[PDB]
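Engineer: One-letter residues, chain by chain:
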Amino acid sequence: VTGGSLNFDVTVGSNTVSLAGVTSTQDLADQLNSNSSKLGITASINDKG
Amino acid sequence: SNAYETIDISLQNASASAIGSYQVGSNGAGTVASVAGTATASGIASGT
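First to last, the protein sequences are chains E and A.
Heads up, PDB author numbering is the position in the first sequence plus 246, with the first residue counted as 1.
Heads up, PDB author numbering is the position in the second sequence plus 150, with the first residue counted as 1.
Derived by calculation from the structure, the hints in this document are not laboratory data.
Don't take each hint at face value.
A short list of chain A residues far from chain E (calculated; beta carbon distances all over 12 angstroms) [unchecked claim]:
hint : residue
1    : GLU155
2    : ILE194
3    : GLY197
Ranges between beta-carbon positions, derived for each pair [claimed, not checked]:
hint : chain 1 : residue 1 : chain 2 : residue 2 : range
4    : E       : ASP293    : A       : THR156    : 49 to 59 angstroms
5    : E       : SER270    : A       : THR190    : 44 to 54 angstroms
6    : E       : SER270    : A       : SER196    : 51 to 61 angstroms
A few chain E residues that don't get close to chain A, going by computed Cβ distances all over 12 angstroms [unchecked claim]:
hint : residue
7    : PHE254
8    : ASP255
9    : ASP273
For each residue, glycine too, the CB sits at the ideal point set by N, CA and C.
Generate coordinates for the entire structure from the input sequences, incorporating the hints supplied.
Structural biologist: What follows is the structure, encoded as C-alpha cells:
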C-alpha cells in the first residue's frame, strides 16, 4: 500500500458491502470483524497477523 | 394406516440472518423518495 487506500467491494452471497481505509492487515481484519455479522462470515486474526 | 393420510408441518425456513426480521418498507428503499421525507413546494398530495 503506497499513496492512497485500497478501498474495495466485499461481495458474499446476497448481501454486499464495500469497506474503506484499507492500508494494512490489521485495519482490514478489524473492519471485517466489525462487518462480519452483516456478511455472515468469521473474520479472525491470529497471533501471526 | 391409510394412503396419504398425513400431517402437514411447515417449520420456519431459518432462525438465521436477514431472511427473518422486520421487513423494511421505507422511503429511500428502492432508489430515492418523493415528497415524504424531503422538502418540496406543493407538499403531500392526494391518493388512494
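Engineer: All the hints need checking, so say for each whether the structure fits it.
Structural biologist: Structure-based check of each hint:
Residue placement check: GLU155 of chain A keeps its beta carbon more than 12 angstroms from all beta carbons of chain E (closest about 39 angstroms). The Cβ of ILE194 of chain A lies farther than 12 angstroms from every Cβ of chain E, with a closest approach of about 33 angstroms, so its non-interface assignment holds. Distance check on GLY197 of chain A: its Cβ is at least 33 angstroms (rounded) from any Cβ of chain E, clearing the 12 angstroms threshold; non-interface status holds. Restraint check, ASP293 of chain E to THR156 of chain A: a C-beta distance of roughly 55 angstroms satisfies the suggested window 49 to 59 angstroms.
The beta-carbon spacing between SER270 of chain E and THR190 of chain A, approximately 46 angstroms, falls within the hinted interval of 44 to 54 angstroms. Against the hinted window of 51 to 61 angstroms, the Cβ-Cβ separation of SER270 of chain E and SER196 of chain A comes to about 57 angstroms, which satisfies the hint. The Cβ of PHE254 of chain E lies farther than 12 angstroms from every Cβ of chain A, with a closest approach of about 22 angstroms, so its non-interface assignment holds. Distance check for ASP255 of chain E against chain A: the nearest CB is about 18 angstroms away, which clears 12 angstroms, and the non-interface claim stands.
Every C-beta of chain A lies more than 12 angstroms from that of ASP273 of chain E, the closest at about 25 angstroms, which supports listing it as non-interface.
No hint from the list above goes unmet by this structure.
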